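Here are the chains, one letter per residue:
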Amino acid sequence: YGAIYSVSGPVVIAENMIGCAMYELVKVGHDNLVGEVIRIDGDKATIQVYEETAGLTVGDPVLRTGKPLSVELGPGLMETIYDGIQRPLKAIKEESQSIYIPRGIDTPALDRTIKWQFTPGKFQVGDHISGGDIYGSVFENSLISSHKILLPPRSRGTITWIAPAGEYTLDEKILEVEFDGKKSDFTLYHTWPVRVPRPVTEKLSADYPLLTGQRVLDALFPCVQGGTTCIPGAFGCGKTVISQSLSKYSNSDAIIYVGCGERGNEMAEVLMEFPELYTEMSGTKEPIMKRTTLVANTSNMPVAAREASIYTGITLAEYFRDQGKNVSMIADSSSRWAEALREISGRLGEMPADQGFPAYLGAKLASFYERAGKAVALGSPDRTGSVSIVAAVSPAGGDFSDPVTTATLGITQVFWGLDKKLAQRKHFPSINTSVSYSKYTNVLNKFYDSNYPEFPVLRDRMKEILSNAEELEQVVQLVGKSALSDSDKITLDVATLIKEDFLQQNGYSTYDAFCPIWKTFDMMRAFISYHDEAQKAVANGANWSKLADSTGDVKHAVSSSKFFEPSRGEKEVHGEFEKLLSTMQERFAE
Amino acid sequence: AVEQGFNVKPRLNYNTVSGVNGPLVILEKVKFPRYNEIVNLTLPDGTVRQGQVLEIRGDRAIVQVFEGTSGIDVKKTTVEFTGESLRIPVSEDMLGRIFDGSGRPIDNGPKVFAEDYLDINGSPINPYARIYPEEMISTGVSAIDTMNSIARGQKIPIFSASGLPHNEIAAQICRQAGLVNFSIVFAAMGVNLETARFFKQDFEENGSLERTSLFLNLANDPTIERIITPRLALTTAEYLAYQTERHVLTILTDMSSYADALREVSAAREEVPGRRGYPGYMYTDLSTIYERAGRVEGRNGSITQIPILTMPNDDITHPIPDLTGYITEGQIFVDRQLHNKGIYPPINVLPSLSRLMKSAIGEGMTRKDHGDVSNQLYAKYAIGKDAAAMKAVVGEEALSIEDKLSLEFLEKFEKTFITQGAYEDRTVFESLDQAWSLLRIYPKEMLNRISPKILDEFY
Amino acid sequence: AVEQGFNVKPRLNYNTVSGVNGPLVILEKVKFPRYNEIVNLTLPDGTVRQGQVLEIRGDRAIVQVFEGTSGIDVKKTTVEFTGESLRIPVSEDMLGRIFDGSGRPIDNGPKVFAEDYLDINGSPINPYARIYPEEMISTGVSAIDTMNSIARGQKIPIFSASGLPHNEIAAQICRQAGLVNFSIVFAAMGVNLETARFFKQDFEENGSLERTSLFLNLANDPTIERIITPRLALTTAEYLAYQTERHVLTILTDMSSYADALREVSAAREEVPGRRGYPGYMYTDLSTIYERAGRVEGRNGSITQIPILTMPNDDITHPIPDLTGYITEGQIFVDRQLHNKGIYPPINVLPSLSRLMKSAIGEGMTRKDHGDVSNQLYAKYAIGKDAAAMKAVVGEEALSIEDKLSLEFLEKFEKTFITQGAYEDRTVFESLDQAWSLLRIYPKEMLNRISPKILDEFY
Amino acid sequence: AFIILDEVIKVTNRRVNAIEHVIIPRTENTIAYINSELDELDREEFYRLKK
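Chains as they are written, first to last, in PDB author numbering: chain E, 24 to 613; chain F, 15 to 194, 207 to 485; chain D, 15 to 194, 207 to 485; chain M, 155 to 205.
Hints listed in this document are in silico derivations from the structure and should not be mistaken for laboratory results.
One or more of the hints may lead you astray.
Computed cross-link-like contacts, DSSO-like style, restricted to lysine-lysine with a CA-CA straight-line distance of at most 30 Å [claimed, not checked]:
no. : chain 1 : residue 1 : chain 2 : residue 2
1   : D       : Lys441    : E       : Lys559
2   : E       : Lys449    : F       : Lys125
3   : E       : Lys449    : E       : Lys522
4   : F       : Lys384    : E       : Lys271
From the derived model, a few chain D residues whose C-beta atoms are all more than 12 Å from chain M [as the list claims (entries may be wrong)]:
no. : residue
5   : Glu296
6   : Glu297
7   : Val298
Computed Cβ-Cβ distance ranges for the label pairs, DEER-style [claimed, not checked]:
no. : chain 1 : residue 1 : chain 2 : residue 2 : range
8   : F       : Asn35     : M       : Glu191    : 17 to 23 Å
9   : E       : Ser121    : F       : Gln363    : 44 to 50 Å
10  : F       : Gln363    : M       : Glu161    : 54 to 60 Å
Just so you know, even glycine gets a beta-carbon here, dropped at the ideal spot from N, CA and C.
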């Protein structure tokens, strides 16, 4: 129970804070403002307040809560909207009955006024239960049919008593664990430190791909379930379309959209649109809100909350993975998270390393991106969850040159780079083919050989075509393109066709909102077969100009392959693509 | 009924002053200092100046003086702790009055007969209580409305440089801002008297002084009141737009001057700088200012914030324009090259952007073809700029047919479409028709970013 | 001679913790603090965290505890001083084991039964006791082993970008490399956990672990452990090569990550960042790590290094590539242009060179045509690139015979010679035979860089 | 063919000279000035951090 000694912005120095611990939440002031102790010197513990520090006076009591920044994990967070800390914005608005967020608001993170249906698990009284084991299930939504209650990790012992099936709230007792004679009461929820990753038995290698939906991302630079992606922040429509595309069609059992430093009305857009979206994964259309938990942190919110939002989202995703679900946590403006870290370091007085950013920026980003990956969740039954981290980096200088971008590329597996040239052409998604990459091609070769055997060779062929035509286009812009071989002319024409029909797609269009993996494979088949057949014809001796004049119809057909509807089903569409390249082969005989 | 107003709280007059350094005044012995507290420094000359407590030690209070510390003695200066943050007196009659940088009357009128005392910092709006604007404002400028639309409730700044007509463009936007009447809250932070007189004269000629509030902090005014003027103007706008249910358009000008004031206060505090000396928390301060714009769920009324900004050397990469782009949504880029070429407005539509255009434009809100036309214009303008660069570097004949057509389009675009005389007031539909007339230069085949249905229905 | 090991030195348990600053844990009333001393911090929760001291003062030691300071409490945090710097328990049985950043074996196996406890820093090698490298260590990579062959004891780094398969190339080199005894030492700094699992599973599955002492440091692993990891690998290499008389070929990975760890450690102190944020003594640190290798006089063992950088912005002007090129003795470049064409390994042989190639590629070593074949391949590959650029300028037909045949050679070279299966083991003789097969498309008169005798005998 | 080829050769030689004598020197000077200004900004940041 120390007292405030110094206040200067969010950083509050509290005296008499002896026996405190680093990164421990302490209630600063008379309003009980949440603050994490980030520096200790003797009996003075420097605290960063997570709320508005204006009005704090010297001598205000500071209460030590004894626990780190803990997120309340359990049923009831599957649909709600949260601040940086797990502050329920909807519950705050309902309780306060105002458009403002009161200072020091103590609304519980998970509401205790809802009765949750509970069905006890396979464990019974007397059995030995270890950390992370399942001892029940809660019917949260239609989408989340079973919110399986996990015994908190690092908590173990023998079940002294287990509750029967019935509607129980979070405050009510669910199960009791004896351990070394000290009975512990476990409820429907539990808290976990956001800094500390949630344990798993083993982190498996991510194999099954995460279908972002965008054609270029799905084909050329594929991501897998449990892999970091580093999408471009805002300039390109890759992020804006990709977030909703993943939330709608990624097959992720849960989504945790994390917006740190998101613009005010840009966050209002998400909060007002995501309820409107629906999915067809189940028999009937169901809202995405039943599958998504947003961590909404506008730029107005304090810098400490901006830094903590990423941890809150990643630990919610870790909880849903420990349940055995495949999650795709989307971090919005990881660049703004890094800027928040830089601001906090400046407040603390730490020596910046690179362009004001703290030297531990790489370490923090690595400890964040390393929470991703397919993992066998601990405790029986054996279950295999996954957390995909689709994080966004803003174009600080218009190019991938910021220290945050450098660290993210150093520690990431997939990176979809922004092309300023393609964005200025309003070519969407504006993903730069040259700088982008995906280190999951080798591991995804297994899935490709299992399902679509020709996918890797086709994407390699398209990459080769794009690179060759990029070099040839540099030479064209240099020397006027007066003289070009027939093969080179076909290369440039095919690359332009690809960049206009395959790579480019309208996210808001009905046909190209979500291009499936089979549709993308069929389109690669069409485009690569067109290029190869044109090259073969030119090698035979045909004139390219006359051949293009004769095959404009075939080129229009392979362009309308994008316009082919995906809702017709894989069986019908592939039959159409089978007939598309069947007549394409014969049309080149003339 | 605010019956708690009838209460007297005596204040502690501290004569214990020391460490008077630059904009900062340090008090050695303070009894329970309060952070972000307003003090009244009574000089030996007798004049009083408000001051804000930037930081408190155990018994210290580093106070920043808004009117400056020139003349502050260490012996005869008495500092009186008011006991609360700075609260501007707000009222409905506060519209139509001219205020100083610190919310003091300038028009030789009475002090604001307060309806309530509102904190400068305001309160943090619940993100769940906000409304996505999705209500386009017909700003009357072609290069804005057609290609970077402004939604009622969008914080879209005007990025400009020194000597460019950013003041003229913003005055035009304010004068003609009907939806496809607005109250105005104008905050002048360090602008020269010529610019302040221009803004006041334009508002009066258009008839805006009936529904406007100017917070004029001229260049000669003290350089720390630029920290407080945007907050006063923005809480005035928050009042007028949320409690009186008006539609307020805030025109905070020289946010670069505000950031220079921040750097001056940050430099005096001897704290960890950040980039180019600007405080590391400049992102947080700029977000606190900018993020006070938008609509709320319960109350129909918005702050269409348009913070004019001045790039020090026409560089986006500078910390002030970069952070303003990070927080404020959208940007209207005023181009030195365009102004030198003589175009008005010299708005460069390549850097200019609007995040809310895609939702506030098209699909029956304005017209079916707005978004596709604006995408086509942007793409062809970028093509024209690239073709002009290529034709400068290498021979003109090396440019393709599309490149030559795009050079012609760029000429007809800067000279006819963007070029808009003051008081012209082009409707969004007229601007779209003119943009189509520009797009009819091309054959229908190469208008690639136009959806084929719209291309058939509008070509 | 190691009977001095049979000694028990009690350790002091300090409960005096003056304060905590970021990663640091400042102690007070320390009896006799030794600089760079390993310290076992015991948390109030009971968890034991290792630490190292970065600063020393009279009765004060600033411990930089590993794994952060989350949970350090002044009142209850026991701190135990191991009266020595960090030491690794070396042994000839360290081959076949996988170690963490701090030397703890992460493979499910016994602790290494130490033959000695060597200091991780080591000592500089006497230049009078250093020998110029003579023979080559054969690598399965045909590009490297033919154009940029590596001598026994040089330091030739692999310059790669962020996404290029430098990790895959490192795994291939570790799996296939050998003499034309051998004991590879692998050090991965700051690799993703997926990459570390790939390394571990690859080595166990392909049996390359029999001679590999793999040191894995994850990206989430402590930065001080990342600093310690290359010192651990080079201490193991020094032990094996010099006190065992075997050839090593250390393969360090992500020296860019190592430099980031250096940055984090330097800024943990009050050191001001240098040119690009990295410390001014990065030259010294990289020099120590690199020049830990090399041949020696009395010992029949060698250490080779493959530092494998990660160029941040695909530039050599960056301090990490600049200093690495200064200390090391060659370059192997991984190219994004080659990678985007599906060519594995994506190594371009134009910027890549081995300064010590003439020693390694000889007559007693390799085969006697190695040097001339490599020079001819380089010359014809440069001519192929020139002709590929020239074709789109002056047409295919107008190219000379020496340009058309060179284009054919370039196609066959990139698609068959450089393009090597990830698990295809190409000995130096097989790679040279493939090189001769590529060169044979040229008539003997055209191959001018090859000596007449070798040309007449091998063609 | 002679006349067209001579015109094209004159244009190409003019453009080669223009590149080598304007574009290469102008770009090299811009590179040098940008590098100098970046070094100046780094030095200013170093002095501020030293303070």
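Do the hints match the structure? See the list:
Simply put, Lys441/D and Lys559/E have alpha-carbon atoms about 19 Å apart, close enough for the 30 Å limit, and the pair holds. For the given pair, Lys449/E sits about 53 Å from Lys125/F by alpha-carbon distance, which is inconsistent with the 30 Å threshold. For the hint pairing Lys449/E with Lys522/E, the CA-to-CA distance comes to about 12 Å; that is within 30 Å, so the pair holds. In summary, the hint linking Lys384/F to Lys271/E is supported, as the alpha carbons are separated by about 20 Å, within the 30 Å threshold.
Separation of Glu296/D from chain M is inadequate, the least Cβ-Cβ distance of about 10 Å not exceeding the 12 Å criterion. Not every beta carbon of chain M lies more than 12 Å from that of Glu297/D, the smallest distance being close to 10 Å; the non-interface claim is violated. A beta-carbon of chain M comes within 12 Å of the beta-carbon of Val298/D; the shortest separation is about 5 Å. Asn35/F and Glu191/M have their C-beta atoms about 32 Å apart, which leaves the hinted 17 to 23 Å range violated.
With their beta carbons about 48 Å apart, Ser121/E and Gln363/F fall inside the hinted range of 44 to 50 Å. Checked against the hint of 54 to 60 Å, the C-beta distance between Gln363/F and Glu161/M comes to roughly 34 Å, which is inconsistent with it.
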